[PDB]
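As a starting point, one isolated chain is supplied in structure tokens, in the form deposited without ligand ADP.
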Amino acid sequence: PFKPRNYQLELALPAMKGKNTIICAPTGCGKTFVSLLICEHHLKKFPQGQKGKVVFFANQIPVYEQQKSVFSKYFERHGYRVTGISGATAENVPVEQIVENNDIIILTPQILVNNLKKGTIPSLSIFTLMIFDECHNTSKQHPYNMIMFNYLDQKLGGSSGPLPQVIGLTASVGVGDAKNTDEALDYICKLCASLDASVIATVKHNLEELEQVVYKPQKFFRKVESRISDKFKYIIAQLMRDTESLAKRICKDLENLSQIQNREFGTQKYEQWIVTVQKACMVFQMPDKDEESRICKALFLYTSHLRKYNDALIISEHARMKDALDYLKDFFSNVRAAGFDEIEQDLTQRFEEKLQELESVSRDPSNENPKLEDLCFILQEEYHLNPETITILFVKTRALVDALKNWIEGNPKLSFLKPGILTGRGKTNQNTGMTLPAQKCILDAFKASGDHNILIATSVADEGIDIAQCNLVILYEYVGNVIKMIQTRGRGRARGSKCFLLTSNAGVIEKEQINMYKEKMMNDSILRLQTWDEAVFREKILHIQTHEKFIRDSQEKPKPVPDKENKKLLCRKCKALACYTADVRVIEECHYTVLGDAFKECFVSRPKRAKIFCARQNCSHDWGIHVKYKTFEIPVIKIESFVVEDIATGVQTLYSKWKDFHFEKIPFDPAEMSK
């Protein structure tokens, strides 16, 4: 058995008396072993003929698997039954039987939320000890807060039933939107009332051991200047002006479609303006349908090209010009191969006229991003002293990950670096996700004396995921909140670690400094709370809980009624009729398909299974995909590909999700496909 340290025993001491405790301790101090000690002491306290049941909550699948393994290995000699349920372990055995036939259960919180909503688990009285991992997530509409709402409704309801003891583990409670110490204290009291905690446990009499175990890295701030002369931006701005003039020719009122004023190229405000203009131009209707179709298609193309130009400007701002040029080239190749008509012909020719000068500019070694030069200098200096350095690099977008990996690999001065890539799992319009086995493989490969010494990642590596110790942390234009800042510096716990923040904007550094001051506010508030009498704290928490319960009980609102009128679905790019809502069928309340031979003529299929597109030539707008259901291969459509026009009134509306569109949803019938 591992020998517990003194500060671990001090942290676990309040919980071993049966008090609801939030344990706040730095990252890397071993809160898992503290939870193990608390669970071991809790289970052995019951008299003969009685038993206690413990549930552990994990927020991610890898953490759930790791906790299940740790608990199973630690309690295997004691004769306790350990199990776990998650998304991959759910539809096998009834959950109530699994809970009743085990002593320690590792869960994802949504499983318990689902089973409490269903009624399979009627109450939380079946557990005697509840442990929340990363307890700072217990706010707003998180599943943690749903479980705690169930708990608190049972508590403040007169139901004389036993309730479990609640333990939470975190590294930072946070301050929310606090500006002074009073607001921070109010926020911390509210968080304590969420978890029914009356004690906050910190290391006081054993600080020296904690510092010899966990070391806080030194923080640096690096501000750089932007480019002096930008020819790339000049050319792209001229192209954007020409496109804007072309769009104004068709639509004379373009400047009154959006209320954004003083827009500038290459900014988020311009992107909001162009998105608003796009959504306004796709609902224009005219008595003449051919004129409406041609005008809407022209405006669609113009606005899409303007949006791509703005995206390229932003990419060039945060990376090399070559990345932006490649992005534009890929878009224009897809445009050339995606329904080349006369307007697309003109736009492509106008781009090709300047492509030569664009390529000449991006290949000049005097136009490199100063941010990249500073990053290269930092990496060179840090790896000169310690050749065995392990680095992690935080960026904002998934495209920046690939751009920086390419820049590192192509850099002759960074030949000692072996980049590794880590992104999220979900899929986007331009990027594919990363599967769990791939993430585990890269995480295992990234370590000392391994295949990689530098990791480029998005916010995946912020919380929960176990990573090898890093001597260097670089934040590339990367600032969040106080919890994120405290967690991020828990990655360089090694002695002599450093953290660097790289930016060309002063507000970024100012925000990081504001976070560093809010941290002191939070520490002072915690120290003030620990000196109160426990009865007064309990009364305060009870009052807060009563007020919150009253508000949330009064907040509940009803659900409106869907519309029974027939509607038309039109192509969002060319306004051609696709189908009516009378031909839409729902498969198992989540797949939407179209029945009839008329719809089959309105689309073409081009090769997973084949996608479907608008059959009208020169448009080829994406409409959906083919899926297999039982013995049938039917097509499924996306609501965000169509404009919804009412038959009677004639107004047109846009929707982004199928739940926003309220209409009669007729279930699919296998024998219906005969009329």
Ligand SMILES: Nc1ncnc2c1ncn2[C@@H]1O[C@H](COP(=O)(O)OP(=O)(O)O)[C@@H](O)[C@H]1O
Given for the second form:
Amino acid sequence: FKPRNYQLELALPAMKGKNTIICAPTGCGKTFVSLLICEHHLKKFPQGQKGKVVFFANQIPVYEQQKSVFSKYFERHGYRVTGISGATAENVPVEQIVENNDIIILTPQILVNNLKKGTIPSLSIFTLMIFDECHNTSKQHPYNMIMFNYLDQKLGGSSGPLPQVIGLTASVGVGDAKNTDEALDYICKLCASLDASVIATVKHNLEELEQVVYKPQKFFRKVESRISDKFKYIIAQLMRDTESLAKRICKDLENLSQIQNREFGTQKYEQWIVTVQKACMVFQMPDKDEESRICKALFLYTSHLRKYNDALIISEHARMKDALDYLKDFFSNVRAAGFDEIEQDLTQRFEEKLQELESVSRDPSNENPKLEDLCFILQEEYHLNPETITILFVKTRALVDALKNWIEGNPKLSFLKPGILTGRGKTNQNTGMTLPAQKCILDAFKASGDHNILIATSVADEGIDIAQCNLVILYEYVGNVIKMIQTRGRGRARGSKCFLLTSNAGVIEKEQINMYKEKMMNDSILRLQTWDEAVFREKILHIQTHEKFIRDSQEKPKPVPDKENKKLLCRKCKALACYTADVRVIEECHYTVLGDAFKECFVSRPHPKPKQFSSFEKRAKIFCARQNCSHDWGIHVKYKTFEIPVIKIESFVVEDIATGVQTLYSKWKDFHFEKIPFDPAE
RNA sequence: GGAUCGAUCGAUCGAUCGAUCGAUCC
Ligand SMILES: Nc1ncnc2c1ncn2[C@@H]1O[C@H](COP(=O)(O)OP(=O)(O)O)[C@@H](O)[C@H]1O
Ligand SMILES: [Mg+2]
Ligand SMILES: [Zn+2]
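Okay, that one was the form deposited without ligand ADP. Can I see the form solved in complex with ligand ADP too?
Now the complete complex, all chains and molecules, led by this one.
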């Protein structure tokens, strides 16, 4: 590849010894700019010394891509390129990998962990430091942790040969800025976070960049919601019936939350039902036998209410048949699991109106107008250009399958081939798609491939390799200015559209203010690129000193841990699970329970996605061992040579033995008890 | 099992927490 003029212009300030925050839209070719910077940096050293340039890549796909690119480009002059990730540093010494190599493409988390425990005492071992998607420097990003270590070494007084920051990004972003002054302040703060005084943008060779980074045009498609909703009536009646049934066992159900006006099929109702569910978990009775039944019935009632609300939310954006299939799948999973009297009554009450629900869903006179407008614009764009590819975005993982089923089950648009792509999802749930599946989906999506449209989540916003599309569609998709720019930089074809379909003026207003914030960011960058380097260095030094003082001031010491024995009970059945005395912490993050009395309290099931994070190994998954509970208590791992269950506090109620009060914790950091470290003995 | 980011919503007094969803990493 020949270095273009604007690429050399962007790489010119970096080949001088000063840190740079070079930014360019998607498709400019910043990887080649970083390659040129790396090539120029590794030759400025005379005979006797060499460089240790490092390259940070957050995501594993882009990490492997950059590693392969650097290998194909640099294994010809005599440089040793390597790469560390989660499946590489299981037992290999990272220090020997860094010392015996010149170019490293490790992930920021591995570097953070090494700097933390025992490896790489200082960042002076490297000479160059490139950050892929450097805009991710934020409150607590690993990039920001590495930069915090860098700044603590710099402003500590004992600084040595510090490396050079060549962090590359596509959109600097403004954050929560409202005017140009706040945008400039945020840009200066981000510049001081990376310890750089130069922002390299394309100014002279702007005509060459526009010949390959052609930006699309945006079209707002605000439509009207459905007026005749016969599906919401039956689901609302079922929700009212379930709420009235739940009010029988809990008279003060309306006082458990401070939400006054709740509406079915919204997010406020979801918050209300979650608050109610959390309030009935700490419900205590001096019987230890009636409290469990009431708590279980309330848990089931709130779960059914949450499922009804989710079905209404799905039907608001998709067809009535999709929410009905979701409800049928939920009730079939309920039937396959434990079947008590409450669940039997709920299932029979649902089946009482399931026939009317099916009759309403089969009626084609109440089709979602949003889907009608989507079909219209899709068929229009595919009649104008048959060789078009769509990257239609959807904010919900449960809605991409609905959109795929709607596209497949529609005779009006048969030229489409769904190529849906969601992502890895939860690491302890059987949801999402794996990395090989994602690679196969992305490889089969080309101009001549077997997929001309993919319904993707926010996974296609950050660094990823997708074909050049021209039919970007945002179906109720809204974010920030950074995500807006990332989405717009996806349709960089020769003439593209960025349609935004929604049924709410709030999304249109948010897109307008995002465009305004992008203009503000551009103006702030243009203003900042005219200041002197000395005053900018002084300003970023002052900002770094202030941030370091703030970070060193908020060093909250560990409070006095409650050295009192308390019991952890199941969150669904309120059954005695274990005690806080037999709780051991492996590596200050994972909490296990030892003892033969606890092994008979849970049951093991095969894990869907086994993997090793640091030194464990997911062998199974633990659930409650009651009559019919099936409550997720944690997971089963193998630390060194023995199988141990590690649990999470987000599924256990903490009851004090002496006082008797119950409290709920979401993370183990909020649980301040006498945590004993794990001993390989016993 | 843990950590982090983004979006939306709720409580309290522009700020602090809480909830939902998506994504990333170990
Ligand atoms: N000088 C060049 N000549 C030919 N192709 C190039 C050149 N520079 C970049 N490209 C192509 O453009 C694509 C841009 O990818 P990359 O460099 O990662 O930037 P981005 O992250 O914006 O996509 C690369 O896949 C590369 O093949
Ligand atoms: Mg890049
Ligand atoms: Zn239980």
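For clarity, a rigid core is taken as the largest C-alpha set superposing within 1.5 Å between two forms. Numbering follows the first chain given and starts at 1.
* Asked: Which listed residue (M321, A457, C281, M485) has a Cα shift of at least 2 Å between the two forms, rigid core superposed?
  -> Single hit from the list, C281.
* Asked: Is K657 one of the residues whose Cα moves 2 Å or more between the two forms, with the core superposed?
  -> Where the cores coincide, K657 still shows a C-alpha shift between the two forms that is 2 Å or more.
* Asked: Is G339 one of the residues whose C-alpha moves 2 Å or more between the two forms after the core fit?
  -> Comparing forms between the two forms, the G339 CA shifts at least 2 Å.
* To do: Taking the rigid core as the superposition reference, indicate whether the CA of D177 shifts 2 angstroms or more between the two forms.
  => No; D177 is a residue whose C-alpha shifts by less than 2 Å between the two forms when the cores are overlaid.
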